[PDB]
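A.B. asks: With these hints in hand, go ahead and build the complete structure from the sequences.
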Amino acid sequence: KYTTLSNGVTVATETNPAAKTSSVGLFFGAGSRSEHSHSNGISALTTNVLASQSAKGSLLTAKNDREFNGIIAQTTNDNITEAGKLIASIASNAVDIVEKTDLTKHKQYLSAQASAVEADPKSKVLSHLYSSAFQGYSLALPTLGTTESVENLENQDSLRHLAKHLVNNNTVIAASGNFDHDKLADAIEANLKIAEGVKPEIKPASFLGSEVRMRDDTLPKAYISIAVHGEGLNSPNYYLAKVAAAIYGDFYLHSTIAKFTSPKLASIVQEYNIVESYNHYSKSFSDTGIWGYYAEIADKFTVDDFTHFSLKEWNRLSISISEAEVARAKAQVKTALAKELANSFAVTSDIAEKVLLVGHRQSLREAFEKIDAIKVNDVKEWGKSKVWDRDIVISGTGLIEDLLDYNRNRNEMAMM
Amino acid sequence: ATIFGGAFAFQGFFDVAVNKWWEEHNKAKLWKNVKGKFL
Amino acid sequence: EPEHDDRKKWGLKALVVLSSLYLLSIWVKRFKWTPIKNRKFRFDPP
Amino acid sequence: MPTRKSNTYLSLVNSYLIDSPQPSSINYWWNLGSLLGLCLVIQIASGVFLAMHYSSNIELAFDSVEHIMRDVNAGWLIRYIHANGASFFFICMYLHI
Amino acid sequence: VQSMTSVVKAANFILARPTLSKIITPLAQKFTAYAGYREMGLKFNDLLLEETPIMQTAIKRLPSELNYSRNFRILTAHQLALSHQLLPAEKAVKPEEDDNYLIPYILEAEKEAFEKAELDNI
Amino acid sequence: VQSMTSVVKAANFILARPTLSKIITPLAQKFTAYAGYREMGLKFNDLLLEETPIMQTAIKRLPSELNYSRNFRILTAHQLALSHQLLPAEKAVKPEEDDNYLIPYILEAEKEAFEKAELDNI
Ligand code: HEM
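Protein chains in written order, with my numbering: chain D, 1064 to 1479; chain L, 113 to 151; chain C, 190 to 235; chain Z, 8 to 104; chain X, -13 to 108; chain S, -13 to 108.
Just to be clear, a hint being listed does not mean it is correct.
Straight-line Cα separation of at most 30 Å, BS3-like style, residue types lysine-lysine; simulated pairs [unchecked claim]:
1. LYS1363/D <-> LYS12/Z
2. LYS46/S <-> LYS1327/D
3. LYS12/Z <-> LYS1327/D
4. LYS197/C <-> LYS1375/D
5. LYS197/C <-> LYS1187/D
6. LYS46/X <-> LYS77/X
Worth flagging that the hints you see were computed from the coordinates, not collected in a lab.
C.D. replies: Structural data, given as C-alpha cells:
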C-alpha cells in the first residue's frame, strides 16, 4: 500500500495481522555508490549519527547499504505510530543532530565496523570482489568506507551529504507489521519536515572482469569468490538469475546433509573433500549485479580443483541442466524469498530498497508466479547470455597460492 | 573432428594461391610454357 | 638439384603458412599475457 | 580430481606441460629447451624416414643418399631436414648452454 | 659457492687498510650502481643464492617485516623483468636503502654451521 | 563386475523355487567345498574384490571385531599361499562358519549407490 504525503514523500507499508513485531524506517537512498574516494563512508557515518539518537523505547538502527541508507525504528505493533513520529523527528532535525554531534565516537564506531568487514574473511572477500568488479566507479567503494577515509570525515561533509540526498524526491518511509496504515501515515505527515530537492542522479557503474589476490599465508583456509556480471533489480532475469544461482545452491562440508544435498557440485567436491564450504549468490544492485559463488577451502592444495569443478558445473548451466535441477532451484528460490521476507525488519528493508531503486515492489505472490513461469530453456538461455564464456571477477584472501591466475579460470568458462 | 576437415580449407587455399602465383611469376621460364619453341 | 623448382615452391608455401602462423602466435601470446604484464601490486604493512 | 591429474599418464603430462609452475620472469631463452626437444623429434622423425631408404653398405651409402635425394618422392626434403635440422639442433644446444 | 664468512673476511681485510679502502670502495659503489639491480627494486641481499641450507635457514629466521618487504621486492623485480621495464630513478632503491639487512642472519647461520663442523672434528 | 545386489537377486530367485533350490543348493555346497578357499582359512566374503568404491566403503563400515578377524584370516591365507601348505581339516573354515558376514554392508552400500543414481536421474 502506498500514500504520497505532502512534500511528495511516499509512505509504503506492508501490513500483516500475523506480524510478530512492527517496523518503520526512513530511507533516503544514496549509499556508498553516491560517495567518492575522499568522502567515502560519509553516508554510513551520517546514518549512524542519526540512528544513535534517543529511541524513546523503540529500537533505532542504521541500514547502511551499498546504494541506499536509512534509519529503522523496530517496535512492537501497538507502539508503531510513536516510532513513526520518532524517525520523522530524527529526519526533520537531521541537520541539527549532525551539527550538534561530536563525530569522534561515531567515527571510531564506523572504523571498528570497517575493520570488522576487513577481518571477517567472507566480508573481506566479497567487498574486494565488488571493488574490483566495478573498479573506477563509486559502486566499488565499501558500504561502510575504509579506515583511512572514515577518520577524515567532518560535520560539514555529513551536512552536505544530507542536504544533497535527504530530500523528498529521494526518500521513502517504509513500514511493516500489524497496524492501520492510515494512522501511521497521518502520524508521520504531521511530523516529517525535510528539504525539497531533485532525486540525485545515480552514478554509473560497469562490470570489469578482474582479479584481486590478498594472499595472507597466515590464515587457516582459502576464502575465494568468483562471479560474473549478474542481473540488477530492474532486469526481468532477476528471479531467473536467482534460480540459476540456486541450481548450485549452498554447501557446508561438515553439515549432516553434506552427503545428500542435490547439487551436482556438492557430490563432486566430496569425493576428495575439495572444499570446506561454498554458497552461490546473485547480488543485485539497482542496475547491475554480481552472480557467482563464495567458497572456503581448507586444504590449500585443492583450490585449483575446486575452481575447475565449479566452473565446469557453471558450463553445465548452458547445456545440460535437467528439469529436476530447474524445479529444485525454483522451489528453493521461492522458499528463500519467503524466508527473507518474514521478519518485519527485513520486510521494511526490502520495501525501502525496491521502492527507492526500482520504484515498484513485486508482491511475494507475483514473485512466485514469475518464478514458476521459468522453464529449463529459459535458464539455459540465461546461462548462454550471462554465464557462458563471460568475463569473471575473482577474489581471494589466504593460502591462495594454488589459485591459478586469471587465464586458467577464465578459460574454464567455455570448455564444453 | 572439424579440425581434419578445416585443415583442408586452409591447405587448399594456400596451395592454390601459390600454385597460381608461381606459374604467373615464372611463366616465362617453366617447361610447359617454353616447350613450344623447341617442338 | 632436380628438386630445385619443387623445393623452392614448397618453400614459398611453407614460408607463407609459417609466417602467418608466427604472426598469429605473436598476437595470441601478447593477448594471453596482457593480464600478467598488466598486474599491479600493493604492499601495505602497518 | 580432474582427469588431467587422476590418470597417471595425464598426471605426468600435466606435471610437465600443463601445470609446471614456471617462474613468471623467464625470457625467451628458456624456450630453447622445448626447441631442442622439438629438434630431437625432427632428427628422429626425418631420421627414421631416411633409414627406410639409406643402405649402409660402403659401396651403396653415397649412391643410396643420392637415391633418396633424386628418386624418393620427398626424399630431398627428408634429407635436407635431417641435415639442416641437426645443424639447428646444435645451434639451439649451444644457445641452451 | 663462497661463504658470507669468507666474503666478509675479505671485505674487512680490504676495509681495514686505508689505501685499498680508498681505491676499492669508490669502485665498489660504482660497480654496485652499474650492476643495475637497484633499478629493479632489489636490495643486494635479495640477489643472494637462496637455494642453500644455510641461506634457507637465514631467511627462515628473518623478522616478519623484513620477510614481507623482501617478498614484495622480489615480486616487484619479477614483474619488472616480466614486463621489460625499470623503476624510474625516483622509485629505484637508493644507495642508502641497500642496507645489507640479511647479512647478519647468514653470518649467524654460518657461525653455527662452522662450530658444528669444528666440533664434529674435535 | 556383477553388483552384489544382482547376485542376491539371482540367489533369491533360485532359492524361492523348491525345484531349483533342491537342484542347485547341493551343487552350491559342493562347489564351495571344491573351491578350496576354506582350507586356507578364508571365508567367502574374504575373496570379494576389494578394489571398488562400494566394496571399499563396505569394508570401511565393518565392526572392529569383524575387521580384525578379516585381517587375520587374510594374513593367514597369504602365509599359507606363501608356504605352499593348507590348513588341516580340523582347522579349516567349516561350512557353518562361512557366515556371509560382509554381505549386509555390501548390500547397504549398493542400496545407497542405487538410490543416488536413481535420484540423480529423477
Ligand atoms: C639428436 C639426434 C640426431 C642428430 C643430431 C642427427 C644428426 C645427423 C646428421 C648431422 C647427419 C648428417 C647427414 C648429412 O650430412 O647428410 C645425420 C645422418 C643420418 N641420420 Fe641422423 N641425427 C640424429 C638422430 C637420428 C635418428 C634417430 C635416426 C634414425 C634413423 C637418424 C638417421 C640418420 C641417417 C639414416 C643418416 C644418413 C644421412 C643420409 O643418408 O643422408 N638420425 N644425422
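A.B. asks: Looking at the structure, which of the earlier hints fail to hold?
C.D. replies: 4 and 5
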